[PDB]
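Participant: One letter stands for each residue in the lines below.
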Amino acid sequence: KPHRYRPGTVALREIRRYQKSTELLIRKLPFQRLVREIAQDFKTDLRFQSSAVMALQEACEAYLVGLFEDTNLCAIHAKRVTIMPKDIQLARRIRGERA
Amino acid sequence: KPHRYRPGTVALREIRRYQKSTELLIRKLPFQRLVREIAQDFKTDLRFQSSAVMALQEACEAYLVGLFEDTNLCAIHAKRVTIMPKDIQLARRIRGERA
Amino acid sequence: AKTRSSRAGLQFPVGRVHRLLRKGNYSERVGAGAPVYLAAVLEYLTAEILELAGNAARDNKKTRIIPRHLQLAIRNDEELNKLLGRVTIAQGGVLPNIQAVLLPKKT
Amino acid sequence: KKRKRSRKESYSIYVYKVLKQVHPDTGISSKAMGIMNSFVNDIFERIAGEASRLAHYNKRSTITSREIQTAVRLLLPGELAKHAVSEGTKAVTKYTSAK
Amino acid sequence: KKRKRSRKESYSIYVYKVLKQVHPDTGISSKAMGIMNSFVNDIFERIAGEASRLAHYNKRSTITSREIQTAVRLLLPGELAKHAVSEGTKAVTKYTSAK
Amino acid sequence: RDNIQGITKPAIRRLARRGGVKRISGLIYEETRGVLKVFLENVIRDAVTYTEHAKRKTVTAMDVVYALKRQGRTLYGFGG
Amino acid sequence: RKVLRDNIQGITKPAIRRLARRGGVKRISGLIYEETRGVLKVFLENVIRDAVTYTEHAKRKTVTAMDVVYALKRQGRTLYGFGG
DNA sequence: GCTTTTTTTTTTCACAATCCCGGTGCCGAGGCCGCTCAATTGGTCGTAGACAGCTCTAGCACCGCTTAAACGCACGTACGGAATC
Ligand SMILES: [Ca+2]
Ligand SMILES: [Ca+2]
Ligand SMILES: [Ca+2]
Ligand SMILES: [K+]
Numbered sequence: 037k038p039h040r041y042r043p044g045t046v047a048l049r050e051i052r053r054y055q056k057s058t059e060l061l062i063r064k065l066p067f068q069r070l071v072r073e074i075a076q077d078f079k080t081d082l083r084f085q086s087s088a089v090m091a092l093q094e095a096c097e098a099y100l101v102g103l104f105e106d107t108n109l110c111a112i113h114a115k116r117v118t119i120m121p122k123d124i125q126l127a128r129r130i131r132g133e134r135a
Numbered sequence: 037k038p039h040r041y042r043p044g045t046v047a048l049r050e051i052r053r054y055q056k057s058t059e060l061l062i063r064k065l066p067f068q069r070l071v072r073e074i075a076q077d078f079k080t081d082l083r084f085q086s087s088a089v090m091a092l093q094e095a096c097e098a099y100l101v102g103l104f105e106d107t108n109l110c111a112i113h114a115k116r117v118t119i120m121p122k123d124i125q126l127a128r129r130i131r132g133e134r135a
Numbered sequence: 014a015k016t017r018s019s020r021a022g023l024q025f026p027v028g029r030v031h032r033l034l035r036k037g038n039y040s041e042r043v044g045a046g047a048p049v050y051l052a053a054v055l056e057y058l059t060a061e062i063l064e065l066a067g068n069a070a071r072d073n074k075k076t077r078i079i080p081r082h083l084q085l086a087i088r089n090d091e092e093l094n095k096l097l098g099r100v101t102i103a104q105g106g107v108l109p110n111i112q113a114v115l116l117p118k119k120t
Numbered sequence: 027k028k029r030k031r032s033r034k035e036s037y038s039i040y041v042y043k044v045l046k047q048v049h050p051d052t053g054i055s056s057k058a059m060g061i062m063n064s065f066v067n068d069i070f071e072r073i074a075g076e077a078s079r080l081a082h083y084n085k086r087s088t089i090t091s092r093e094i095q096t097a098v099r100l101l102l103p104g105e106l107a108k109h110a111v112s113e114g115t116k117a118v119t120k121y122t123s124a125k
Numbered sequence: 027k028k029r030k031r032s033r034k035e036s037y038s039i040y041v042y043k044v045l046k047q048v049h050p051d052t053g054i055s056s057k058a059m060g061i062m063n064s065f066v067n068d069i070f071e072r073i074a075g076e077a078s079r080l081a082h083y084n085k086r087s088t089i090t091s092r093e094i095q096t097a098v099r100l101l102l103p104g105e106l107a108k109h110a111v112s113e114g115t116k117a118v119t120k121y122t123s124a125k
Numbered sequence: 023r024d025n026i027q028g029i030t031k032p033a034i035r036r037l038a039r040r041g042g043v044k045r046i047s048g049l050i051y052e053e054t055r056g057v058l059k060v061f062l063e064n065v066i067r068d069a070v071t072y073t074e075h076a077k078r079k080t081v082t083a084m085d086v087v088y089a090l091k092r093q094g095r096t097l098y099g100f101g102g
Numbered sequence: 019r020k021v022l023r024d025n026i027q028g029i030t031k032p033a034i035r036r037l038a039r040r041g042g043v044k045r046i047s048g049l050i051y052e053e054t055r056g057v058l059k060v061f062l063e064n065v066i067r068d069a070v071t072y073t074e075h076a077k078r079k080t081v082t083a084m085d086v087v088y089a090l091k092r093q094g095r096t097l098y099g100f101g102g
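Protein chains in written order, with PDB author numbering: chain E, 37 to 135; chain A, 37 to 135; chain C, 14 to 120; chain D, 27 to 125; chain H, 27 to 125; chain B, 23 to 102; chain F, 19 to 102.
Don't read these hints as lab results, they were simulated from the structure.
Accuracy of the hints is not assured; some may be wrong.
Stated by the list, open to error - The calculated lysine to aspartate or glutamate pairs, modelled on DMTMM-like cross-linking and capped at a C-alpha distance of 20 Å, are:
#1 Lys34(D) <-> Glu76(D)
#2 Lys59(B) <-> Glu105(A)
#3 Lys95(C) <-> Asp72(C)
#4 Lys20(F) <-> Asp77(E)
#5 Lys43(D) <-> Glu61(C)
#6 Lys31(B) <-> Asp77(A)
#7 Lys56(E) <-> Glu105(E)
#8 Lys57(H) <-> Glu35(H)
#9 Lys57(H) <-> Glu94(A)
#10 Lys95(C) <-> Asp68(D)
#11 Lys46(D) <-> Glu61(C)
#12 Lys34(H) <-> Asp68(H)
#13 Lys115(A) <-> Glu105(A)
#14 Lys116(D) <-> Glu61(C)
#15 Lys59(B) <-> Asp24(B)
#16 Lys91(F) <-> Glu133(E)
#17 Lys77(B) <-> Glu76(D)
#18 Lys57(H) <-> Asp68(H)
#19 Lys108(D) <-> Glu91(C)
#20 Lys59(F) <-> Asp77(E)
#21 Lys46(D) <-> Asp72(C)
#22 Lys95(C) <-> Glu76(D)
Claimed, not checked - Residues from chain F that face chain E, not an exhaustive set, calculated with beta carbons under 10 Å:
#23 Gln27
#24 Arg40
#25 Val60
#26 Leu62
#27 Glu63
#28 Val86
#29 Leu97
As the list claims (entries may be wrong) - Ranges of calculated distance between the beta carbons of each label pair, as one might list FRET restraints:
#30 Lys115(E) <-> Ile39(D): 51 to 57 Å
#31 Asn25(B) <-> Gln55(A): 23 to 29 Å
#32 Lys77(B) <-> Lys108(H): 45 to 51 Å
#33 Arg116(A) <-> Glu105(H): 37 to 43 Å
#34 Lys79(A) <-> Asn94(C): 25 to 31 Å
#35 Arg77(C) <-> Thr118(A): 26 to 32 Å
#36 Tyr121(H) <-> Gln27(F): 22 to 28 Å
#37 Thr119(H) <-> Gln55(A): 41 to 47 Å
#38 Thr30(B) <-> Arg77(C): 56 to 62 Å
#39 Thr118(A) <-> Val114(C): 17 to 23 Å
#40 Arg116(A) <-> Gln76(E): 44 to 50 Å
Note that the Cβ used here is the ideal one computed from N, Cα and C, for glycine as well.
Please take these sequences and the hints and turn them into a complete structure.
Facilitator: Right, here's the structure in full:
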């Protein structure tokens, strides 16, 4: 028969991979476009120094990565393995991010 | 005439009662002594203004009430009504008061 | 004519530091010890991090320190970590850490 | 040739010098060095700021090495604080006697 | 003969003045007054510091009403910001127009 | 000197009432106590550090208030 | 020149799954991905608005890496390795 | 105590991913160099703040009341957490 890893066993592989590495995990252009998309909403016809778009990405990915950390702890607090939007909202509530 | 409120019913009354009031909930001298006790470990034969002990209490209690608020949510996140050590540790882990 | 750093036994520029102080609107007047003390503390903290980063670079069989090495040094060291609690190292990644309950049952 | 690029200061040489005192055979990446530069600048502003406030809280016009010290005690964690306080003190004591 | 209390400033006369504008019949407890006074001082120091960094970041020696405004858009939330700016502008416009 | 026990169960309950908490495990009263201790250490240390820098033997409101602010826990109504 | 598309969708499911891998997450609800985007969006709004303000104050028409950095430090999210 | 079925734990490989080396090539660390501007020296001048002296404030210690609050036990209900689906 064909091989097939049990549900979770690649997920853990992925975890080990991505914690071991430093490379940015969102695709660089879509991020770029999104930044400019959001930029507009405040001021039209604006330029960005790449270094500024990159500094935004580093900062984003970092924020999101920590949020998952806090989130996973909220899931595990509710005797789950599966993160949910209710987990995120708690992290963010406790963090002070939103009310 | 053996009249008893069921478990949780005065707890609620209390919650209502104390949220409504502003007075400090820790007895003052014991608090004072604790401050002075802790003070010694940094610098001996200190004195305190009475107002500096009150600023410390106002702050501590406020700290604690707040920490409870977040603890309570973490209880409820695990489908509990009763706050537990682990809830407090999560509250603080997410807040970043400890690892 | 000799450097205030060499007079204090230091690498970091006592003179630069003194100027940044004056010019940074921290106070009207700046004692002559201040930049000597400040420059030294900045040197001590730089050195502490460079020992550790360096070790975590040697560990990786890499001759040059990179952000990862900094991150590993800092995050793995109780105190450095606190000091840099709300700091984000670019290109640093995170410490290998998989919560226990997410591993399968070990034997 | 055209216009030469305007002077941007850096701690880079002083980081290098330090580096070779600690790990001679160890070197350092462009991005790494940028991080060191952020870190030094960071802790400047932190300590300078705390010293500014110390002086101003005591109606002092002068940030002396006393301010820088107390500041460092307020701002550094235990073992890091001590060594800081040593190396600063050392280095003033040397500076003083070398006039 | 006794005359030894310091002389320490406050915003209390202006808190009272502004109070008699919005509610001329109501007064204010001492503890309330001192919350208000901390309040003003807080926000002073918040606005000022940002404006001090705006300048220093843009290599300028002068905090102007341009920096106060920029700080204010940065430091206050949406609708408060709007009215704060609006009131700021008005006040300055009226002062150029007087002398 | 073990004044930490002066932070009674009742007083602890009260605080948690005001935090909208309904039911409380027995192990919390000690957990609370530790936390409360750590908080005070961090605030008092800093406060006294301000005291020692102004060369005094008497800790002032301001000392506290200036510490609390460093600690991000800014306090209104004691001379901010 | 041109007004931009609807890009928020470019923060793909793969990418969001990878980021939550870096965070030690093993299993992921279906609903996570859109919720993340909203969070990510609000984050970028908040920083960029602040950055653009630093831009606007300097009367420049090009957001600099330092604008981002100053904003990020304002937001309590201090970033090393891009200046200041 | 018997006896069969599940059920658990152990055995035997087959595979797939990961790891590790040497090889190859590219580019950025590293350092040299020449010039500039920012630190240093060696002056003077003013006042910040160290210091001594004094006032008197508010911090400390102790006493004895009268409660309100803590405590410590008796009793049971509703809640947490295991098990099952
Ligand atoms: Ca060494
Ligand atoms: Ca004088
Ligand atoms: Ca149940
Ligand atoms: K006194």
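Participant: So which hints don't hold here, by number, going up?
Facilitator: 1, 3, 6, 35 and 36
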